[PDB]
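Take a look at this single chain, the form solved without its partner chain, given in structure tokens.
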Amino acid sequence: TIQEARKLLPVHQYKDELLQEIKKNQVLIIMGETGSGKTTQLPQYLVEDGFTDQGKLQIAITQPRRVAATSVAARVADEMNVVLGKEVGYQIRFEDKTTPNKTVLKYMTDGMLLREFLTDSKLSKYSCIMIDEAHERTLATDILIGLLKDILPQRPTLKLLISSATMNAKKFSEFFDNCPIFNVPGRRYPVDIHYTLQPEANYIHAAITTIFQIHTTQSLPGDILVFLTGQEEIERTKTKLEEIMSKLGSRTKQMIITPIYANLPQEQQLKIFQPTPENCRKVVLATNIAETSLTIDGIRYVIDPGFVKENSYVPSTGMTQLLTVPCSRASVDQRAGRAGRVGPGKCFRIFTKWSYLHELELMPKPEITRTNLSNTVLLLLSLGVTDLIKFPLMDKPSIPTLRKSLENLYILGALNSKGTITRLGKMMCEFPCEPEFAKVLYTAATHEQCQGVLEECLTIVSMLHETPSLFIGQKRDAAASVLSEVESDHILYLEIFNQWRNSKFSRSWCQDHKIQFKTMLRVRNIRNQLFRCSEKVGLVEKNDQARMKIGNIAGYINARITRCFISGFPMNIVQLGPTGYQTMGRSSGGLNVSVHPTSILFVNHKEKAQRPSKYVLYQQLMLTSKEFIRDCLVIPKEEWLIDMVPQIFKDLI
């Protein structure tokens, strides 16, 4: 029974003591551990009272991850026994699955409640707001904690709830005028922690052996959790795991593999949240802790390599590179505590104990100290915050981080010479995307050398959001089926969606060209969001007049698109050299990047070899044993650099 397992959670004994503490205090900090029923059961408790209204107000619950916000919202819709999106909803950056006048409690990302301040600055739609996993200290949470502190004198009726770990709840108390702290402790069972003998390279090889030693010799039921560092490694480990499982057959036992990553099908969302039968051993592959929580929570084994992917800040250029780093000592200890929720557990760590003591860091650094603040500062200037380091944030950014982020906003055109937001900067805040993607859609409709290609650029920007999950198999075998001798990666993404339109968006088209069909329905959905915002801004009407007056149905129409991305991304330009590709930027002598093997520019140099290009634009940088470049674009001539961004590129050339 899913109704009686709710009463066995640790928060239920504190239920009546919670609610009387909410009615007295405006802000309350709820100390505890993740998955103790804080995030799940407190929204049902506040709706059982009159905290919202009969139907007038709402409850907003903030999750730091995208997949945590969707998966917990479906799990609550089971316990509420309502259809997801009718009384219980979620609001992701391109998914708004909420009825406008029926949703009572909705679970949104931390970045998506920052967007809510733009339309409604006092947050008049919500009754109470709960900030879950505030101890993780993301960038969008840290700004939102600072923004909510301003409007607390200005609105007395609202209730604010900060959920955090036991270690960090005192820092939030000093920040909120000596706010009272309520403690809902998790039931702690003894977890045994195993450190391996030597330092272990190729942790995914060691992890497969660790699963099988658990699965054969340990009695049912106790389930296995493996923390994998990314979304691609979960699928590679899953596919490898049935290969060994098919070899055994029904000889020893049964193994059910359950992945948890972003944008799973609805058939997979049910399979995560169901009890295993007898003689069935569930193995769960996830990335973070907050997705793994569940009401019955039969899982009793945890395997922890100790790595996490982060978007570490790059000093030379403005943006971040996707970098995998060792987890902090506080984060590793929280992963070991996942085992002992219902019974005693065992934690197998793929790193030695000497690395646990000396090599690891004690507390993770806040995300605001090493990031690109451009999307934040543009939102803070748009919202009325005129002073940048006077704002009441609990941790302040670096001054060279903020100087680099302000001068990247000035070159992008979102700020004046004084530092005020301009009409373009007000325009970039309307679009539900990065400000550099908004500059490309602005250049495509307005710029005198570039106008007329907004409909093509809306296609390419929608494709760049869903790039890693576009195609099944190798890219080149899918690329040559679609269109041959494609020089740059952005033009390839334009051709796939255009031909998919011409087949009336059919499923049968995508199997024949080896493209994931569920991805393309996400890409078409992103385009519908970006097109409605372009009408509301008015770029669509300006696009049609530029199209009605000038029509290039020739090789210019892909030259104009190339110019639109140089104005949007002038910092992501790479120059060919004797040593190799090298970042253009004047702050550094060289970064010595290289092309990632998946992108089409690597294919053109290796197979049917063409001459390498002198200048190349990219969308994403990463450091996996050397610097890699994805979503390439060939800039065939120097003059497009000096024409489009003369501020940077007259110095360089």
The other form holds:
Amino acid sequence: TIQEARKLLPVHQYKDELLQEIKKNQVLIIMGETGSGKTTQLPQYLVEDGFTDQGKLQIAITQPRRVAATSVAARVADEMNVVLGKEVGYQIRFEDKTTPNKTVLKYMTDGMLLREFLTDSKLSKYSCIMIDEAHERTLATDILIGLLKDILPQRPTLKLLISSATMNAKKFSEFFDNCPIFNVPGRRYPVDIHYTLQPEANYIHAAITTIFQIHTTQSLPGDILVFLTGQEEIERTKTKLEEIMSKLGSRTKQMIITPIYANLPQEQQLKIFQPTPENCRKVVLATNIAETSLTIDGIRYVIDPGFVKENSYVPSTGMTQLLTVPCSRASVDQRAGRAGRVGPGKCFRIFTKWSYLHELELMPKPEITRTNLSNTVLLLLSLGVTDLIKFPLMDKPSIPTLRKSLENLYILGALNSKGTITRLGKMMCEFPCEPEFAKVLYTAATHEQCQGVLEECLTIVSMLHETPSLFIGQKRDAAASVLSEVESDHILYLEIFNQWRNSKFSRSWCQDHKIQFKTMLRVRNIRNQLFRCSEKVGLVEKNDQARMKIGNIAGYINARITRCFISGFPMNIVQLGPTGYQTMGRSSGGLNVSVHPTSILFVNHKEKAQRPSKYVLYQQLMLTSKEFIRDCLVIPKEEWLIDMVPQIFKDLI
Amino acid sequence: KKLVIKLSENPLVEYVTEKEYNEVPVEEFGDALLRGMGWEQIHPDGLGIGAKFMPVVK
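Output the structure of the form deposited with its partner chain bound; the preceding block shows the form solved without its partner chain.
Complete assembly follows, chain above in first position.
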């Protein structure tokens, strides 16, 4: 059952030894491996012991990812014998599946407890707070241990718990004034680690061939796990492992392919939890270790090419390009240790043994050293943190990274010239999004040349949160079905949601125009969150009045929206140089960026004979073969560029 | 040249003026804000770690 396979987890032998120590200490550090019974069973012991005091106080468990917050909360809701959300909830950025008077245990992310400091400074709803995966060193975790350190002398009733690996757990003890380290080891079974003989020409073709020689030439029971970089690599792998499986037929053995990534339907997430039938081999595809953890945990094989896609800070502008890097030697050893949970597993590594020892970093760097920090500093200045150097967090950001996040909040007008947090800066804290998405919604309701288009800018901003999951097939086939001639990628996203709204949110509409219906229900939910937050601020009333003054005509609306994204993203403006599109700014010369072929602006150069635009506004930069602009926006006039943010473009233009 | 922006270390500014951006510019705000505290590769994606489809024989 599920009530007896929980006893075989390594934390049940350490049950009463650990409940006695949390009653003694205020902060305690639990040390071990990823998913060794803790964060699934240990929050269940705290509820039954009575640390919540009859549901008056809550318990927050802080997962680092969006995917690991929901899946682990659903897995505990099976064990608790509660439905979900009533007694065991979760809190994503845009999803709050809790009820306020019954939720006792809740599994949120790192950004959503960090946002909880606004409405409550001392975190008075919570009696126990557990930070999970503190060795990952995400930015919203590295700040959240600094802010909880400042409120430890003021509330002694709070109890803090930190889960980390067996390598970083001493540095967290040095940080919390010689904190006691409790140790929960796992059943370490030996894993036989294999390396290839040559540098591989492709890590996907070698990873598909590796699954087949494990499937054919090895016996059951053993389930396969593959670590892939992104969701575009997983679904390219899942379909191609479905094509070659079809030619085999019923000859070999059953293969259940079970991917783990974000924005997934419930019929695929129930395939995570239920065990395999006999004469069946589950092949799990995922990206990080913390989501692959299972209670039954029948997996015994791991394939790793050793790559993580992560947001590297751009040296020219203030933003973070998405870049794919070799992962660290400590992170590879977390992946090989996934096979040795129940039995003696095997680990297949696409890189050679030489590149393991002499080309990988021995320990992964923290995220806080190479990031935007624009949402960070505006968050700390709103909480009363005046000094940013003397703030006592453990790894501190560099000064060129920190001065760029100050002068980007000054171009947005979120910081005063005297350094105080302005009313626009107090407004950007209210919206559950990036502070540059909050400038676009402010410009669309209040600006003297741009008011009237908040209803069209709550649509396009909601479409940009769910860009890669919108459509089935290619986008150049789906774009011609909704509107025959679009020029920029933002107006196309305005046209898709309006026509879907005009068809009364039809399931049959999205299948005709090659659009995923499950994505558009989330975009419709993000829009309901961003519109409800614009009512409390007052940008709704300021645009209902600005629309009754001027009833705008559709020839001007696409020019209002273009200006509303210049004022929110002024550094993401790219000029057509003599060699190509080139990043335009006062810091560095340029990056010689090209357009991603998924964007609709690449289609208008090949399919159409239109000349290339002079100014293009992107939402996201990425580097695979060269730098690629995604989510384009065409700016045909220099006059729209100076008249919105003149503090940059007066000297440049 | 040598300016120090102090913070509110213990009613509002609705809009920032274009006069205000010519007095204290963007580049001057990055340096002078920290004076209050006293401050004064390419992965083609088709390769592997070391670098430089139908597996059916038919």
